[PDB]
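*Asks:* Spelled out from the first residue to the last, the chains are:
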Amino acid sequence: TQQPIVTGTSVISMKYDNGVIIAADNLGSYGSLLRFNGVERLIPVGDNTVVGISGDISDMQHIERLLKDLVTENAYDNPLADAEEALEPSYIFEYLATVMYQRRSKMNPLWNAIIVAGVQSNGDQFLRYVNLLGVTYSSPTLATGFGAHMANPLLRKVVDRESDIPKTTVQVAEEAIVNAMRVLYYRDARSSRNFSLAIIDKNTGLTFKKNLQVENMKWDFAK
Amino acid sequence: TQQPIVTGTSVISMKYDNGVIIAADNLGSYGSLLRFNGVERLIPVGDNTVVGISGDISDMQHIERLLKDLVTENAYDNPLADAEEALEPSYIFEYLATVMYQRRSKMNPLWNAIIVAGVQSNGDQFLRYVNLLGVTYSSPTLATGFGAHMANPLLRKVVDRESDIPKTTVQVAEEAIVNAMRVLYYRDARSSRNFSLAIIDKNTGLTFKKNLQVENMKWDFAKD
Amino acid sequence: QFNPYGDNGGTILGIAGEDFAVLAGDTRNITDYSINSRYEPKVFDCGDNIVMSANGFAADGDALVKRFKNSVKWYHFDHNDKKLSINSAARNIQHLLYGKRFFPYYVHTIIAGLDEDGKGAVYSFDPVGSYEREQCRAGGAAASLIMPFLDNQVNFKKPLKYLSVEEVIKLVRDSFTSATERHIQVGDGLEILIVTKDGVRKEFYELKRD
Amino acid sequence: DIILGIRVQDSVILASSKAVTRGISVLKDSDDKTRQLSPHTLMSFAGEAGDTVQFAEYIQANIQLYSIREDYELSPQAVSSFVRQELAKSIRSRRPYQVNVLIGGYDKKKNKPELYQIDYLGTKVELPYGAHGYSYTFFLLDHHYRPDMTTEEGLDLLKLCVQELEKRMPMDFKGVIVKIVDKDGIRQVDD
Amino acid sequence: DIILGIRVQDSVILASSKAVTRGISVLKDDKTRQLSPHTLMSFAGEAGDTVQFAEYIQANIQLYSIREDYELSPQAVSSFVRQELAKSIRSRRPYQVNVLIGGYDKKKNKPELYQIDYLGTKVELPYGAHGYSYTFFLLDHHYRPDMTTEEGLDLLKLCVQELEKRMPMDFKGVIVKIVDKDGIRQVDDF
Amino acid sequence: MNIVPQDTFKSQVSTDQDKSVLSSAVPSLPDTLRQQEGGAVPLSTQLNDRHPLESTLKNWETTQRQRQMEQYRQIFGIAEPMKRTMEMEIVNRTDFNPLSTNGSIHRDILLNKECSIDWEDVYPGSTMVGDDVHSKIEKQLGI
Amino acid sequence: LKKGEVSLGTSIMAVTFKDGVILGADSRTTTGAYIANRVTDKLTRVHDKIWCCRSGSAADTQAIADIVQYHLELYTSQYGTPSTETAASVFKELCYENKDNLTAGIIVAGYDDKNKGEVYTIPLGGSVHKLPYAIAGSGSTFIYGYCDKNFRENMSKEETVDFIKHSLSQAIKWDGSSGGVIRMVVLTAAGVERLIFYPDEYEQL
Amino acid sequence: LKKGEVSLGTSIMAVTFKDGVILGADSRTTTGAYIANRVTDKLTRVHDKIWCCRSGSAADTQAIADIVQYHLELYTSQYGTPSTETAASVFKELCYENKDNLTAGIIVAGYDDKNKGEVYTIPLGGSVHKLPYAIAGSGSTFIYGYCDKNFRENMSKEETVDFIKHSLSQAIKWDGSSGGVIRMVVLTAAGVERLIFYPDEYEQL
Amino acid sequence: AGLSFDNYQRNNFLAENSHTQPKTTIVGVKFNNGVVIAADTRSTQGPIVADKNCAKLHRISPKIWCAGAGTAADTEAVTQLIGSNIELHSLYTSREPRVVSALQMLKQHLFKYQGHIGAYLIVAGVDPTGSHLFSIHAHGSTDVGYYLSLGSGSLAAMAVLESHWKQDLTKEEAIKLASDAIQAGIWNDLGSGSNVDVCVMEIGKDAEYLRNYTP
Amino acid sequence: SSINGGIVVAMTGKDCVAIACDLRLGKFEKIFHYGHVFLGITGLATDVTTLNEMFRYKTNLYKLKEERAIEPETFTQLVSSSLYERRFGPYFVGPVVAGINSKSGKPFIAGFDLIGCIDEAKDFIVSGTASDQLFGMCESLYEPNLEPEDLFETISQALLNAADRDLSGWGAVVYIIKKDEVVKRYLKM
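One line per chain: the protein sequences are A, B, C, D, E, F, G, H, I and J, in this order.
Using our numbering, read the first sequence as starting at 1 and increasing by one per residue.
Using our numbering, read the second sequence as starting at 224 and increasing by one per residue.
Using our numbering, read the third sequence as starting at 448 and increasing by one per residue.
Using our numbering, read the fourth sequence as starting at 658 and increasing by one per residue.
Using our numbering, read the fifth sequence as starting at 849 and increasing by one per residue.
Using our numbering, read the sixth sequence as starting at 1039 and increasing by one per residue.
Using our numbering, read the seventh sequence as starting at 1182 and increasing by one per residue.
Using our numbering, read the eighth sequence as starting at 1387 and increasing by one per residue.
Using our numbering, read the ninth sequence as starting at 1592 and increasing by one per residue.
Using our numbering, read the tenth sequence as starting at 1807 and increasing by one per residue.
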């Protein structure tokens, strides 16, 4: 589009020793009106990849259609679609980044910011970011929008460099992600209390948690 | 001010054989929001004058304060300011028109349209109009805003010339003004179903009816 | 109106030696006040002993490097796996840049390698394709801090010809350390690619802010 | 760019100035504001750089093609009408460019000289006089013109116009090239 | 409006264009005012404001000369002019004005030339000019501090010949005045 | 009851609006030499291109004091503003110090600015004409 | 939004209930402050039991609705009665693919024997959302709270009628661009029912 | 508003009840999408039993409120406890006379022995309106209908508290500039009572 | 008198004719018996680091301190003017200055200039009435907070403060929390760096100014 | 007649300072002194002359009242307040103050923005149009605690290198300032 209308706020993601964790809230805001509650902004693509999208919701649904078409075309007509011929996170990100840059060059961008998180077939963690301009980068911690200014400084406390990844368990990473989501719900006016989270682990696979709520909120210091 | 914020829609008035009639609806709207309902936009100044104001509501209240100040100043050390030294519609209109033009020339106008209606002490009808630019004029029927485009055609069929005035009774004029108010409620989006009406007669003297509702509305043909 | 450009704020440096070339860059990717990543390489091995860097708007630089690598692949396919020389690569990059004359890439490009005589060579490109061969070229933010530091310790007119590769690496590291100290956009790491007759070698050095 | 045209009893006289494009020191001996359309039809042009020369050469090529095809020379009236059509067609789908054209010919069939002026929008006017560029000369031409003037008198009138114009030019007015079109063809005046 | 000035070893030579006034046909030196018996001022710029400023300066300097029975130095006159010019535009949109001040200091027995631009920047110069689109090449090549008055006039004549080659015939000419130990003279014949 | 100063622009202009510097030769025209403004400052140039905050800053204290006087009149009566204005007028009238511009102690006591500092105090804010005691004497006495 | 065009300032509601769905709207069309049409039928039928209401540009939504009705006639000629989801998908595709040139918003209500009554909303931009109830238009902003406090799942027909009547009466009361009569269409298995309510009835609620 | 100034995107309510008046608000201050203050006290005390809430420019409203409190202290030193009408008149005069330079809107709630609790509203522009109850702010637009359906005269204290809680909870739910806790002040003949309700309370209503 | 408007037209004219006119993390945290203010020490003239050790904590009065962002000259001038006024008022009243008095002076001064003085401040202090923390905006609006952040690195600092703040904090806990917020601003924001400066104001004690608390 | 812009560099030594400015060779110098305090101003020339005159005025009055010369820190505060007085009409200048305190003997340098914000440096100050290239040269060449001869060589080399990298009649004026002796030198390139 040329201007977003219905939007989502932020997606935050982190690497730990055996996988990745990604999270995003369930809200589509219509300007300053919190219009739609119940928007799933984490899209699982297969059993090894999750894509988080922020920004325009219609463009996000278009991207979801593209991902579904990609999955369906993977199985046409390989009988090993569930086997070693399954889609890798790098393939999905390469396709999405090419689309985003091509549409930027067409002066008709998809007003979104996208994080791809997953585990490669050899067990490596994949975490990448691409926006409406086609700018791509990777880091042990990633965030979009307000999270990029608030959630990232918290998560970089846990994982500050690549050598901290093997030292970080899934429990610590999930706790950090949940605390960052609570901070975002504290200080973001377009945020929601309800959010979804996804863990991708090279051993246990994909765990997708829905209807997660921010809890243990300190409001008692009124006076 | 520089831009109106809360506004009223329209005031309609006409002369009949023995007096004047003026009416306006009770609504103060905030943009497209119909925010304030119980707003009185007809102000009686003395026993023989009514001022109807449309437009900015804050400026209307300022004008109400000015009218009250004028009434109190008239009675200052004036034992005769009840019958002989009372205010007249021409005095009030001249003062208001002077104020409006002076504030136009100051590039700080009062965003209002004003109709003064009443009866002079000699029995003559008075009905005149002044707006935010200081433009003044008189006619046997007057209206502001949307009424000026819709109420005037209905009213000019009853009183078309100066010679039609002696032929118009109070009943006919009041019925015509009620019908014009109903048409305005039909076709004005910023209008209200509630309105106030004022009759100034050289014999009875004044009749200020409040809480009048548009009645007898044809909506049934919407079945088709 | 939609603005298709951006700025990511890097710093690159290319130096041509007697029988080697060096291309180095800082590894921090930022969006105008925030750190997107502390390790994001911008100097790439393109094959046939050619190293390339396109600093500026990151999407444009990635696109240019992608197109150049694909063109080199087709060049190997169509010419019996012939080695692409550095001057031919410079001409290819000039055409790639000028092909977008009316919608230019927002990048500054430097390539490095060895010429047909085995001597080090560095080429610098303007955003619409104008290019030239240079001994030393600094590009991006803090170039005005890096060039005087190099000129203070090298006579480009110890002469640069007789310098060894390790001395050049140390001098580049010192200049980048000083620039990191004085500039807010420089830091978090430095990556150096060295091209010699044996190929391309990679070195990494941590800078301030971790 | 200044162009002048004067039609007399037996010929047409056209005067044109040099270019001096933009701060470029050029020493040359040629007329870049005149194209010979046919042995008895000449064209002078003044306007925006690039576009005007392209248009003039396109017109010249078309007229040369007609002359080769028919083994016959178009009259000045037909040439001027074709030029007007092409000029109106050029700006059909683009922003108009500044151009003014003087066409001077000698109709052999009618045995008489003719002069036309076409402006940038495509307005063609048959005139005994004509000028474009610097903006008084109309008053002097109206005061000192006769339809039955000879060539010498026309040249003297042109010299008077040049002398009047030179006193307002910023002293960079070099030699104005003057050409004559008549029954013997086209020639250039040395003076 | 073009003004020129050259300082030779014992004199100051100031040249000013005769007259250009919009599109009025006039026949008739309006761009010079004698500030002091040994100090002359040439100005060029916007019509109206510049003449007001020059006459104001002249009135002030004449008042000083009357009050003190003494002639203010060229340096002090230049400083006063700079102060007044800076003060005039402190609360209004600036106007185009350029001033050359030429004098002969009696105490030091030396010619002096100053140039002041529209913002109030004063510079002491051996030669100066304003209003021409340069001529500084000829001045740089053909100027020496120890030149006599005749050599300065020759250099000025060469500069004027250079000027009157890309200007129309509407450029009537230039009036030349000389300030030296005897006061102010007008170069009539030459 | 104003807060920001209002009605600051001039509604009319004239060439003799400044009665202090009127020319003796032509009384309807101002005297440019004794103005000492630079000699090239028409009055019309002062009607355009001003800073939007200059008028607010110049008239701020007067506006606040007028609001205070209006409040006193509303709450106390006419006598309170009458007395405050009378005191201020008496203090201002009986001070004539041509060699200094600093305000008096008593004025600051009446204005409740005994221990208050503003940029006007920090920055209180050469010529051949009209920089003498006699000009101030004439202005003060209306000679 | 092109200058001089006609905009659909309205109050639109669609509520799912126990036996089916109900779609309701007001009947006012305004150009500026002038009521250009005092009596308007805003309930557009694209199939026998698939209805819609429109917002945004009137011309764009009319063209889109015509194309959708044509598409559903082709589908019916081939495969029979479509589902509400199919009509919603066609509406979404039309609105999204042209969003750079047209300003359209749609509320779709439908009934079929499989899904048993559904509501979809496509706001400006082209995204689609499926909801148990939906409100749209300029006058909807004033009843976001009230509806959120008074909606129950599996209400009876009369309760749904009363809920829609109350909510639209409040929206009419507060929004200038809304007024006139209330129109409602009830889509169930028993057929299609039409209801109209007059100002003298709902203004007393 | 001025460029870079701080705006007041609040949700303000004031309800008259049998024993007096209750004034309530949320506690969010924003700078666009960023919440600069999770817990701000929007209930301004102008006198002992005369309180107000503000909207528009924050600096202008603070200056106006300070001047009004100064005015009421001056009035009290002379004649004693002022009526709510007098405070409303002073607010109105300040807002109207400066409306060309200051953006300000006020809701005034007061109690006094003569009038037994009153509510006045002064929207942008400077007009004054005396109401049985008032709502203002960005979130108020979403609860115009609900309040109109749920207000009764002469309610008890608990009923009024519940009504304000429900209305402000909906306003917080729908408006993005309305925030965490609900603060209320009850003004009666007994005194001044302060109440606060937390999100875990009202979000489950 | 006061700030001058001379050469405004001249400067605008120069700007129109192509003449270029030549041209931080702060936190405040209250604890159980006082208040702490902390700041980074990096001073940059654009992207160039002008000074690696810059003192940004300024003293309104011995026990009332402040830090600022925005236009540096405006911040310093307003702080110094209000400090002079506070000192004179304290001498006049023979009493310790109150933080609310400084808040009123700053608010009225900034409102007088209608936002043209670009001073954004955090002001902390202790007086005989207790401990106080305030934020002050350029246009004249003020707010009260238990913990506040300011500058370009204010979002990271606010995240850290929201993570680890409680009602009852000791002096050491508050100092550590403020230092951690400043460190987050230093690491994650390009405008903040170098060292941390702290000032602790405790009820009943002298103000403790710790420059380069963590280097 | 065009003298706008320029470059001024100030450096601290062991117990000395150096302040240098560009020049056009061949009377308009951008360095002034008011006793033992030196001020170099870059930018608009009219503002430079005005500021020099104002500061000569104020320091003459200060010495007449105090009966002693003004110290570099007090002069820095004075320059700051004077620049801030013109808050909305500021001079288009960058000033630099250098000197040695008469009592303590400590060297002092500082720079200013156009409205008087003070930047007190311990190593060097660069003012000028570019302030990015000569800044890098000074950063590469500067070393702390240099002797006056070493400091003079360093600052002169910085000026020469700046002059070479982007003319014809370029010159420089250098001041080497000690507690008892001040040396003024010209560089003709």
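It is worth saying that the hints were derived from the structure and are not from the lab.
Each residue gets a CB set at the ideal place from its N, CA and C atoms; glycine is no exception.
Just so you know, not all the hints are guaranteed correct.
[Unchecked claim] DEER-style ranges, computed between Cβ atoms:
#1 D:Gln711 <-> G:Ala1240: 43 to 51 Å
#2 J:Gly1977 <-> C:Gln582: 52 to 60 Å
#3 D:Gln711 <-> A:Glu64: 48 to 56 Å
#4 H:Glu1587 <-> I:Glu1763: 47 to 55 Å
#5 A:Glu73 <-> G:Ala1240: 48 to 56 Å
#6 C:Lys547 <-> D:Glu714: 39 to 47 Å
[Stated by the list, open to error] Okay, derived cross-link-like pairs now, DSS-like style, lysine-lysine, Cα gap no bigger than 25 Å in a straight line:
#7 H:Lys1535 <-> H:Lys1559
#8 G:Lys1330 <-> H:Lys1559
#9 I:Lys1762 <-> A:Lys218
#10 D:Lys836 <-> D:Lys767
#11 B:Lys446 <-> G:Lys1354
#12 E:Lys935 <-> D:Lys824
#13 H:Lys1516 <-> H:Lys1388
#14 H:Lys1516 <-> B:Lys433
#15 A:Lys223 <-> I:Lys1757
#16 C:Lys547 <-> C:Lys566
#17 G:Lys1346 <-> H:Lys1535
#18 F:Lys1057 <-> F:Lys1121
#19 B:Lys329 <-> H:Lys1485
#20 H:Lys1485 <-> I:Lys1698
*Asks:* Next, verify each hint and record whether it holds.
*Replies:* Structure-based check of all given hints:
1. D:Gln711 <-> G:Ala1240: 43 to 51 Å: The hint (43 to 51 Å, Cβ to Cβ) holds, given that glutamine 711 of chain D and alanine 1240 of chain G are roughly 45 Å apart.
2. J:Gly1977 <-> C:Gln582: 52 to 60 Å: Roughly 31 Å apart at Cβ, these two residues miss the hinted range, so it is violated.
3. D:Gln711 <-> A:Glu64: 48 to 56 Å: holds, 54 Å
4. H:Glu1587 <-> I:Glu1763: 47 to 55 Å: violated, 35 Å
5. A:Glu73 <-> G:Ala1240: 48 to 56 Å: Given range 48 to 56 Å: violated, Cβ gap about 38 Å.
6. C:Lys547 <-> D:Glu714: 39 to 47 Å: violated, 33 Å
7. H:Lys1535 <-> H:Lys1559: This hinted pair holds, its Cα atoms lying about 19 Å apart.
8. G:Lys1330 <-> H:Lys1559: Answer holds: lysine 1330 of chain G to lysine 1559 of chain H is near 12 Å, not above 25 Å.
9. I:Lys1762 <-> A:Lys218: Judged against 25 Å, a Cα distance of about 21 Å means the pair holds.
10. D:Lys836 <-> D:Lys767: Answer holds: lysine 836 of chain D to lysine 767 of chain D is near 21 Å, not above 25 Å.
11. B:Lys446 <-> G:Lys1354: holds, 22 Å
12. E:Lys935 <-> D:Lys824: Distance ~43 Å between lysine 935 of chain E and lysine 824 of chain D Cα, so the pair is violated.
13. H:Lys1516 <-> H:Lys1388: With a Cα-Cα distance of about 29 Å, the restraint between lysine 1516 of chain H and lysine 1388 of chain H is violated, given a limit of 25 Å.
14. H:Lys1516 <-> B:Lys433: At roughly 19 Å apart (the allowed maximum being 25 Å), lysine 433 of chain B and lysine 1516 of chain H satisfy the hint.
15. A:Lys223 <-> I:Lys1757: Cα-Cα ~13 Å, so holds.
16. C:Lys547 <-> C:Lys566: violated, 32 Å
17. G:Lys1346 <-> H:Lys1535: holds, 13 Å
18. F:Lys1057 <-> F:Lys1121: Cα-Cα ~31 Å, so violated.
19. B:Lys329 <-> H:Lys1485: holds, 16 Å
20. H:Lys1485 <-> I:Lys1698: Holds, because 21 Å separates the two Cα atoms, which is no more than 25 Å.
Checked against the numbered hints above, the structure breaks hints 2, 4, 5, 6, 12, 13, 16, 18 and satisfies the rest.
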